[PDB]
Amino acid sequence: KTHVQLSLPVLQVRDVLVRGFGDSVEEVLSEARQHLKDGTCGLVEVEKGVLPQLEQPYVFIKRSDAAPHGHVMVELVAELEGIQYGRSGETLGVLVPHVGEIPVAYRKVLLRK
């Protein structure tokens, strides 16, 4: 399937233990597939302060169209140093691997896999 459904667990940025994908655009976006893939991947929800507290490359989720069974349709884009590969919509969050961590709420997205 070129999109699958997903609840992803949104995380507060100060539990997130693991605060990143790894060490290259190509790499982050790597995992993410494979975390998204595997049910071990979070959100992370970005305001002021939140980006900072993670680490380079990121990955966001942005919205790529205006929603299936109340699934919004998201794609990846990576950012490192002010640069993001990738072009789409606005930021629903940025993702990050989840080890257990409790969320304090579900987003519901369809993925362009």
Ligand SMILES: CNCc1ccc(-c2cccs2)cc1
The other form holds:
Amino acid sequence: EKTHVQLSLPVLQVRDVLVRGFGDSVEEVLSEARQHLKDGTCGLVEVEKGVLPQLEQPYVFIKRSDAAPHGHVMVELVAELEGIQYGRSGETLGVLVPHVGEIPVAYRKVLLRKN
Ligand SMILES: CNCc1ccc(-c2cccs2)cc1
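Mind giving me the form solved in complex with the named molecule, seeing as the form solved without the named molecule was just shown?
Time for the whole complex; same chain goes first.
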């Protein structure tokens, strides 16, 4: 199990997302996010004004962890619940959500730390 894995994540528009979060506690959302990333069933929503209030907390963000092998920006997971974050990292790339067949607008290449 390598420390990092290259993934191409489907980028979803928030209004298309059918399942708006991964669960109900910080530990669950991180766990489920990781399982969906493993299974190829995880999408990414880019954060713009109006996005977060349309998604369910706790949130799972991917944040930049370094400073980009082979096109894939190195990232790690950080969860947020009620204004508190669980992890510290760099800039947010987006919020992770389950992917259940929505049509993406792009794919985002990342090198994800499995931590
Ligand atoms: C290439 N697809 C295989 C694979 C994908 C993702 C992961 C994980 C992501 C986060 C924790 S495990 C592991 C294996």
